[PDB]
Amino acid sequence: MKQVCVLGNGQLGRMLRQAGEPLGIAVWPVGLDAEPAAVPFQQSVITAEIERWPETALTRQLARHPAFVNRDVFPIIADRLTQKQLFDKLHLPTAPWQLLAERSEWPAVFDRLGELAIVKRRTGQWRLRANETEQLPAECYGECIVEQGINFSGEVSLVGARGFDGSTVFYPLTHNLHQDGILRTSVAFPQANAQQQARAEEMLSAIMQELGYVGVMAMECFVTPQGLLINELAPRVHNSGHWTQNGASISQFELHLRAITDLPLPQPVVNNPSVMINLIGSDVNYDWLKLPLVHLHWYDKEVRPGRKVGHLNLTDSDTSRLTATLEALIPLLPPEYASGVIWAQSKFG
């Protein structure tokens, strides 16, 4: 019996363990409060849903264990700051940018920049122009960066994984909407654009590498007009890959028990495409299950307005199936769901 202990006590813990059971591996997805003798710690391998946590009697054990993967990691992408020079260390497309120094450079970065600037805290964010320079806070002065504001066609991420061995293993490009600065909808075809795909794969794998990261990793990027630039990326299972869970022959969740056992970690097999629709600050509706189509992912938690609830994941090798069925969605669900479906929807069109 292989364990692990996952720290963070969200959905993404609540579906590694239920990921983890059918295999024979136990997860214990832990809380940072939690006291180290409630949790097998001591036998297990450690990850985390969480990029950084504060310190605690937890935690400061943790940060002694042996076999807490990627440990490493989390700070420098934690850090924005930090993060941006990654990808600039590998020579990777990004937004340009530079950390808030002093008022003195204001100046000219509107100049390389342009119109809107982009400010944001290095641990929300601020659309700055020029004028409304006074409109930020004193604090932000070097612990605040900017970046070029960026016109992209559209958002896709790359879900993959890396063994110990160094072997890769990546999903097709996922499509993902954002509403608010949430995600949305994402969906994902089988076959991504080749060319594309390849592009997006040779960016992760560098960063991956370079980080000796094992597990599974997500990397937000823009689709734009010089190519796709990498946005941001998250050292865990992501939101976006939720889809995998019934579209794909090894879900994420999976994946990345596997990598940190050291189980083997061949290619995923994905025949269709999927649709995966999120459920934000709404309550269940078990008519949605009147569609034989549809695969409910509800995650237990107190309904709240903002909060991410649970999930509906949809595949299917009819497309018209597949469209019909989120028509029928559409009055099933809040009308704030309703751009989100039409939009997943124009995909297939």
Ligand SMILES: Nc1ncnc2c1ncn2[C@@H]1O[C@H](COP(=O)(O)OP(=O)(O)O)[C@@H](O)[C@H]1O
Contents of the next structure:
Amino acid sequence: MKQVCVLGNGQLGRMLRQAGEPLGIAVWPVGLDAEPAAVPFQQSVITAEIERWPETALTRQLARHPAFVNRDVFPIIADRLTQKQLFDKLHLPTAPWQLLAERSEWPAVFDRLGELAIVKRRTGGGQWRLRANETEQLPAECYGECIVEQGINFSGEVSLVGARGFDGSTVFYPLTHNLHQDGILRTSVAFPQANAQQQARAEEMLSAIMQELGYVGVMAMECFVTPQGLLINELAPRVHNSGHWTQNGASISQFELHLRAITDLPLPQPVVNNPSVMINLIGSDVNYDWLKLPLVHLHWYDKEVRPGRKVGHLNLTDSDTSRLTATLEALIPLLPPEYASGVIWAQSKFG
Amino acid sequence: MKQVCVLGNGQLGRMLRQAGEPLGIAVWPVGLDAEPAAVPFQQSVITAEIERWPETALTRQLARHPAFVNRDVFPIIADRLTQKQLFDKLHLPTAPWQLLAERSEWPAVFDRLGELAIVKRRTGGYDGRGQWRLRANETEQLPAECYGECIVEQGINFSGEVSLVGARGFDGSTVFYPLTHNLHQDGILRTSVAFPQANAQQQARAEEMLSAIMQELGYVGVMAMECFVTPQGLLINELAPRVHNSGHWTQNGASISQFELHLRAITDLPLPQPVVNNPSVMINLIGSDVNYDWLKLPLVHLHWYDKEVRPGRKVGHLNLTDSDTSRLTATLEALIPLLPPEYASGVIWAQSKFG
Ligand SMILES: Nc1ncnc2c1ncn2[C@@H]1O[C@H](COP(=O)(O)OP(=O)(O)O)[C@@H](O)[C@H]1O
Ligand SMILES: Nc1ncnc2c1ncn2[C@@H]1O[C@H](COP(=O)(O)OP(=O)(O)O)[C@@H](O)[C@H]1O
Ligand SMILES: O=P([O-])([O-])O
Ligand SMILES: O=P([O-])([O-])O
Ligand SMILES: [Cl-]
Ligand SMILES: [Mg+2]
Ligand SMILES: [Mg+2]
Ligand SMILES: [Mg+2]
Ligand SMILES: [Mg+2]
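Since the one above is the form solved without adenosine-5'-diphosphate (ADP), can you give the form solved in complex with adenosine-5'-diphosphate (ADP) too?
Next comes the full complex, and the chain you just saw is listed first.
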């Protein structure tokens, strides 16, 4: 049978466990502080809902564990330097970049990357956007530990969520449009038919990366839409926030898909017929008033509400798009004010 | 948060728990063997996933608790004699029947009710168990203790069976799903098919009947009303004061499932009308082992109950829903060679609805 242990105790692991239950797959999400005992590791397929972790009592036991799918891929992707090098190695479009080694480097960096430099920690996410006058602000700790790239002026951001099976087969969801405010995802919208050139471009780059890594399971590739096409921003070797809409807007969710892949169950293409919109709930308390609107699917994480914390998400799907945007309209006043703009941005794509 | 304890830990209680977790409602399906001291029922909204129960330490405490929504209603619906009298009281058409109280009545039963008598136990029957179909020559098959504890009805030659699944809130408001077409074989549900828009007249009559019942009883939560489609219209077959097998398709084919609807009603949350745009088909899995080959068909939603697999036991269901019905028929076709032989007729029966 289907026994799965998930390294990491956050909402992604919870949604995976909720997904496996009606499939008859028992999923055990475990925190890094756990005792290796309470972990049915020795008889499970092992996966993670996190990207990197230190050696802990529990994790040490996971080192070289043969049931840990993709065990060896994580670190390649967890360090932005090696992740960017992978795109370069595959000749995949990505923002121009370099290791930011020393303050010495700034003028050339500016010369070459343009006016705005996006500095990102190599591991553990962690970002600064700087102009030549502002460089002092970057902590001295970053030198040697961050990459820096051209700030991309994209028209929008989209991510491709898909999965690759042990046999190399691949399946994908339509691209999803995502809006980030203060570096965090606030809203996502997916249409059953995306721009065909874009979709094709994304599936070919993601297939190429998954094949290269020998990856099995769900992976998300976030990209920037530019006049020249998509540029790859970053990868997530796991189910990703942008794909949550799949819980109610696809015949197979990203959670079920990930489980199917790693346990070697059937991996047909998920069916997506209507559009969906996802609104992330961040630092807000649950408001059951939202459930007055029948299209609203509430996904509460049962985490403590704190500022800037992802506490849940709302999914809405419908073949009637007038009904859908009307609902979004009705939802606005039921949410705290900082939600409005991302809702309006979502409604705008239905035009 | 919302905290709910359910009397019973069968598949219905499990699916109510699954529905609640994402809404932030902690739901505890409680087995009848639980020690009351070990269940937070005194701090919860209490409900039931079963109609009747034996007396155990846990049942004694829960069933009398003031937090048990519809506590005083269950007795009436749970006994088929009072359930039928209730239909009669509200002028609700139903099969001619009477209480089977003594052998001396048999001949009158047959004279009045026709060639086959349908005997149902007054309480504890579900899944087509606690029911016998008898010809005059077979009354010997009836357990002596049945006399006085069973009702007997005319065998109705319905052209089809449909059920109305709906809910009533503390505020008296009600919402309903479209009618669900149900196929039973050997008295157990095998397949359900629901369409976004049902026969309006039939949908209107059924709703009128269930609204009458729920309001007479002062019922809060989900209720299912199973009927027979005959040439004189619908007749009510029986009621289920809870989420019901024929409503399972709502997990994937409606915007709010029957499980979420029941939790909303009982916890006093909003009760809007669920949105249903496409048809859905539900295939019940009875006494069969799980076969992951089913997942090779992308529209299939597997709902495995993690229950012991043995003859006549409901072990899960498969839901399929899509706007393209050709997709559905095609998937139903593909499922036949992936299921035990006894499933073919029910699957074909569902495919037939779309042609
Ligand atoms: N080079 C860049 N140019 C412009 N914006 C960027 C660039 N890199 C990141 N961003 C913006 O920052 C967001 C978060 O950055 P990302 O690298 O995906 O970090 P994280 O791992 O924290 O999600 C992006 O989705 C995008 O909005
Ligand atoms: N009077 C009746 N006439 C013909 N068939 C009936 C009658 N009562 C029940 N049945 C058949 O038996 C099925 C189960 O009966 P029901 O009373 O619903 O019992 P249960 O509570 O076990 O589900 C019905 O759905 C129908 O197919
Ligand atoms: O990393 P993210 O943030 O999920 O993208
Ligand atoms: O069997 P039921 O009672 O109908 O569920
Ligand atoms: Cl119920
Ligand atoms: Mg990102
Ligand atoms: Mg990231
Ligand atoms: Mg019954
Ligand atoms: Mg019944």
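Residue numbers count along the first chain shown, from 1. Only the largest set of C-alpha atoms that superpose within 1.5 Å between the two forms is called the rigid core.
Of the residues 95, 90, 136, 234, just one CA atom moves 2 angstroms or more between these two forms under rigid-core superposition; it belongs to 136. Annotation for residue 105: C-alpha shift of 2 angstroms or more between these two forms, rigid core superposed.
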